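Keeping the supplied structure of chain B fixed, place chain A with the ligands upon it in accordance with the hints.
Protein chains: 2
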Amino acid sequence: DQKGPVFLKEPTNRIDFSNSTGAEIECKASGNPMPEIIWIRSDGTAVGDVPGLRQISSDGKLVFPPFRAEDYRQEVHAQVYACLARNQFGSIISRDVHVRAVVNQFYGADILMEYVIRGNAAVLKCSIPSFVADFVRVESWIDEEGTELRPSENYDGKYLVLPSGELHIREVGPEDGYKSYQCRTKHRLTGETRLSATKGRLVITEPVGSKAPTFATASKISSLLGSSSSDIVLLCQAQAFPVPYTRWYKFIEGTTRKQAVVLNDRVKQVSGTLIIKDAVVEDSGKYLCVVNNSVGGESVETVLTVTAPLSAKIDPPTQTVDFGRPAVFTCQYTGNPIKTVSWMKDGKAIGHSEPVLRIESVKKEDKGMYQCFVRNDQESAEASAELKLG
Amino acid sequence: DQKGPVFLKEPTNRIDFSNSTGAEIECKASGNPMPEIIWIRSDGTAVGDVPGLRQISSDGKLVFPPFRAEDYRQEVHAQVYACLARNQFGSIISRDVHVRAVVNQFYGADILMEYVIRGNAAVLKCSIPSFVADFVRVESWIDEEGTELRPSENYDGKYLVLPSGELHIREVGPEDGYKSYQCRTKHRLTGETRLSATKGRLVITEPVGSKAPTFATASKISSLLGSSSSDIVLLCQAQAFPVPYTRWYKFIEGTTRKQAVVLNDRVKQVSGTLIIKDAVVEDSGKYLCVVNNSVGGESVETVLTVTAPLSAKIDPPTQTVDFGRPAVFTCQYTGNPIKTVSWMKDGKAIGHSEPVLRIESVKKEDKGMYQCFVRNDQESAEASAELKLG
Ligand SMILES: *[C@@H]1O[C@H](CO)[C@@H](O[C@@H]2O[C@H](CO)[C@@H](O[C@@H]3O[C@H](CO[C@H]4O[C@H](CO)[C@@H](O)[C@H](O)[C@@H]4O)[C@@H](O)[C@H](O[C@H]4O[C@H](CO)[C@@H](O)[C@H](O)[C@@H]4O)[C@@H]3O)[C@H](O)[C@H]2NC(C)=O)[C@H](O)[C@H]1NC(C)=O
Ligand SMILES: *[C@@H]1O[C@H](CO)[C@@H](O[C@@H]2O[C@H](CO)[C@@H](O[C@@H]3O[C@H](CO[C@H]4O[C@H](CO)[C@@H](O)[C@H](O)[C@@H]4O)[C@@H](O)[C@H](O[C@H]4O[C@H](CO)[C@@H](O)[C@H](O)[C@@H]4O)[C@@H]3O)[C@H](O)[C@H]2NC(C)=O)[C@H](O)[C@H]1NC(C)=O
Ligand SMILES: *[C@@H]1O[C@H](CO)[C@@H](O[C@@H]2O[C@H](CO)[C@@H](O[C@@H]3O[C@H](CO[C@H]4O[C@H](CO)[C@@H](O)[C@H](O)[C@@H]4O)[C@@H](O)[C@H](O[C@H]4O[C@H](CO)[C@@H](O)[C@H](O)[C@@H]4O)[C@@H]3O)[C@H](O)[C@H]2NC(C)=O)[C@H](O)[C@H]1NC(C)=O
Ligand SMILES: *[C@@H]1O[C@H](CO)[C@@H](O[C@@H]2O[C@H](CO)[C@@H](O[C@@H]3O[C@H](CO)[C@@H](O)[C@H](O)[C@@H]3O)[C@H](O)[C@H]2NC(C)=O)[C@H](O)[C@H]1NC(C)=O
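Residue numbers (the deposited numbering), protein chains in the order written: chain B, 0 to 389; chain A, 0 to 389.
Calculated from the structure, these hints are not laboratory results. Heads up, a few of these hints could be off.
The list cannot tell twin chains apart, which means a pair is met if one copy fits it or any two copies do.
[Said to hold, decoys possible] Calculated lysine-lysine pairs in the DSS-like style (CA-CA distance at most 27 Å, straight line):
hint	residue 1	residue 2
1	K257	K219
2	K219	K249
3	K185	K219
4	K219	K285
5	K219	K338
6	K267	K257
7	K219	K267
8	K387	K344
9	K387	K362
10	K257	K285
11	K285	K249
12	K285	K338
13	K363	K347
14	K387	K2
Isolated chain B, as found in the complex:
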């Protein structure tokens, strides 16, 4: 009984931790005999062991012990890694691992106050530096009365914290001018929380005369995105008079035409704003916010991409073909979107972009492991297969 190696435990394609947190990653594979594990930089070069920063356990595991703020080296803490299992029969490398370590430092948050018409919906977002935006999210909003607000179901009450962390207020009025809100932020890696410094207030203006609807950007296009099985937000910010009614439509694929969105238990609209409770890849497409009014109307396009995890499967996982015959391999994948598709043999980065691999004629040199690679900007996945000779 003998066969090549196969990846069982693959490190997460993206890993985030602080300097004080440290990290451990383990790629675990099985094969007969036991394959040897190695780590490599994105360019394929074998990793060196760096004292105090990056070191191989030799157990098939790798670690980044905690380190001083000054001990940070880019080539280590910010890099794309991967795991390589190899033996007599062949070799395979694990899906790309993004290692990102953030040395702990304090940040700040500001809230831009938005002028709003009486009766129209209003929203206050907590502005954050784009660089740490990955690692931090808004935990809650707190009123000057001391009461705090958190995201949830039940979109009633006029006060709701959306999944984006943006505080939404429907049907505003002068009564809402007194109170002022500030947002709480929670850093994922640290777990520490910080409350907004600047106190966001909402200034309402009593409209005089009729005025057509207006968007706060004037750009007719935006590109949204989101993970499947999560609350999604398609926002429309338009202040206008008198008191617009809003309608959202979905374009049919590659069509100038469109059909109206179905408002139901799952898909909900809050006064300007669509929400998808649990998203699926089918919801992806071009969206349109149509906001009308007595005087006139205005429109905004929104591009939505629903993300799904990537996973690959090669078929058959193994086979044996006689000399002078066609070899066949079929890569079956799941997840969306998908941009890159490629192949390789014991590494070597061979092939082209097709879901299928074929060798017109078997040859002695074609034995060993084969691997299918599919991935997008944000993710990656792989599957392994062996080829015996007959």
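This is chain A with the ligands only, laid out in the frame that chain B set:
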């Protein structure tokens, strides 16, 4: 010598004025006999006199005298008008005249604090409510020190103001975090000037460790509009460490292919910000802002549409065709963009949308005026033509 009606002086499409200013619009026409001029709603009814708010001068001129806010009336000041010149042979309308009177009313502004890392450029936008965006723009920027700044030519040195009104700063450092800036907004109709209450200041983050590039939006697409001969701003908000090199590209029309942008005296790139002086229709197209560095890169694409003044020409201006013979009118227009091209006869909407219309068989009933209507989401224009029977 008999002639059909023709326009000499035609009103401008867009007319905005303050309640305290008041305005007068004029329509002039020619042809023998001299046409009968009538001011009418977009809807075909004769405009009647209203006391003090709206008055028709005996010379064929419409006027809207000043008034107090309490005397504001929607059906007059918010109404869309048109001029109808008429003769025995037929009649023609003018370009759509949008009358909008703004009852003098207050606005405000707030400056979001721009979070930045050392060495990277900074951009302070003066935020303005969506409704007054068209009536208000930023004239100048005043610092904490009280020094004043304007959107001068010679893009160089540290501080710069862009034509779009954003305050730009390069090579930011801790020394520049102490200062606090205030924009200056000027209402175009009244000429009133407001100095922002909120004082924008920059939070400077000492770089610690390497950080992949990040955009302040996370949107991959915007869309910008600007007139020809005016300076346009394509801007990249990406923050990255080590300080990234940025480059702009322009997609080929309808292709995934791309080409680099030509830099010159006219087109000058400031940091991540691309500027196009004296824009022309040829500049319209999709653009791509690319930002890279030792860690990686990220990009966003921007759709640009350059407007051009709409003007229409009909050929032949006049003709005569016998019964049974075909009639032909070619409307050749100017400007950009182009949404619809329509046709009317004697002030009646008919037919289809084409640059050309032909009557396969002429009839006595086809005697009359024909006009070509071109439009976009912003502007409109008209052209007139005579048709006589042989
Ligand atoms: C709520 O608010 C919305 C948005 O303001 C309003 O919907 C808009 O209404 C306008 C006016 O009808 C629409 O503009 C129209 O677009 C049509 C579609 O364009 C196609 O065809 C042209 C060629 O003609 C192509 O260039 C283009 O790429 C498209 O393929 C045009 O055909 C229309 O022209 C017609 O209208 C006039 C009458 O006004 C006729 O006289 C012309 O001859 C011609 O038949 C027109 O330009 C706009 O597209 C609408 N929005 C959207 C998103 O589609 C609602 O009306 C409003 N509802 C209220 C107030 O109740
Ligand atoms: C269009 O609508 C607007 C309001 O929506 C009107 O604007 C108001 O006009 C009235 C006069 O008709 C103003 O009332 C007086 O204002 C004086 C101060 O003026 C300052 O503000 C203007 C801008 O508004 C500046 O340009 C100017 O330089 C000044 O800084 C006060 O001194 C007056 O007080 C005196 O008069 C009142 C009676 O009116 C007495 O009772 C007092 O005791 C005192 O003696 C007075 O308050 C008003 O300020 C204007 N407000 C705004 C917001 O504009 C326009 O007049 C209207 N257009 C018309 C009618 O054509
Ligand atoms: C500066 O930084 C920018 C990022 O802002 C870089 O720009 C992007 O670079 C990435 C690569 O890092 C490019 O992504 C590549 O796209 C190729 C083209 O995609 C087409 O083909 C796929 C099918 O595979 C279609 O789905 C798609 O619609 C396109 O039609 C892909 O083919 C590439 O995948 C390949 O790369 C790997 C190696 O990493 C191979 O092993 C694979 O087998 C495959 O051959 C890749 O994913 C992206 O297109 C770039 N965008 C732009 C706008 O440039 C710059 O490259 C960077 N500049 C410098 C100098 O560093
Ligand atoms: C990860 O990097 C951060 C940033 O350099 C380190 O944060 C700082 O670590 C020091 C360690 O002594 C903390 O000590 C503090 O010193 C200041 C005076 O400078 C004093 O006012 C405090 O009361 C405290 O004694 C400091 O608070 C801390 N700063 C932060 C977290 O913002 C961190 O130490 C690094 N991780 C490890 C494991 O070293």
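Quick rundown of the hints versus the structure:
Taking CA atoms no more than 27 Å apart as the test, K257 paired with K219 passes in both settings, with 16 Å inside one copy and 23 Å between copies. Taking the closest pair of Cα atoms, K219 and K249 come within 27 Å of each other both inside a single copy (15 Å) and across two copies (19 Å). When the C-alpha separation of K185 and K219 is checked against a cutoff of 27 Å, the pair qualifies only between copies, where the shortest distance is 26 Å, while the shortest distance within a copy is 32 Å. For the homomeric pair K219 and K285, the shortest alpha-carbon distances inside one copy (12 Å) and between copies (14 Å) are both at most 27 Å.
In this homomeric assembly, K219 and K338 come within 27 Å of each other (Cα to Cα) both inside a single copy, at 26 Å, and across copies, at 16 Å. Proximity of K267 to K257 under the C-alpha cut-off of 27 Å is restricted to the intra-copy arrangement: shortest distance 19 Å within a copy versus 40 Å between copies. In this assembly of identical chains, the alpha carbons of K219 and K267 lie at most 27 Å apart whether taken from the same copy (23 Å) or from different copies (25 Å). Taking the shortest alpha-carbon separations for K387 and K344, only the intra-copy value of 13 Å comes in at or below 27 Å, while the best inter-copy value is 81 Å.
In this assembly of identical chains, the alpha carbons of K387 and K362 lie at most 27 Å apart only when taken from the same copy (11 Å versus 86 Å across copies). Proximity of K257 to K285 under the C-alpha cut-off of 27 Å is found in both arrangements, the shortest distances being 9 Å within a copy and 23 Å between copies. Taking the closest pair of Cα atoms, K285 and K249 come within 27 Å of each other both inside a single copy (6 Å) and across two copies (23 Å). Taking CA atoms no more than 27 Å apart as the test, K285 paired with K338 passes in both settings, with 19 Å inside one copy and 21 Å between copies.
In the homo-oligomer, the alpha carbons of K363 and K347 lie at most 27 Å apart inside one protomer (17 Å), although the nearest pairing across protomers, at 82 Å, exceeds that limit. In the homo-oligomer, the alpha carbons of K387 and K2 lie at most 27 Å apart inside one protomer (9 Å), although the nearest pairing across protomers, at 93 Å, exceeds that limit.
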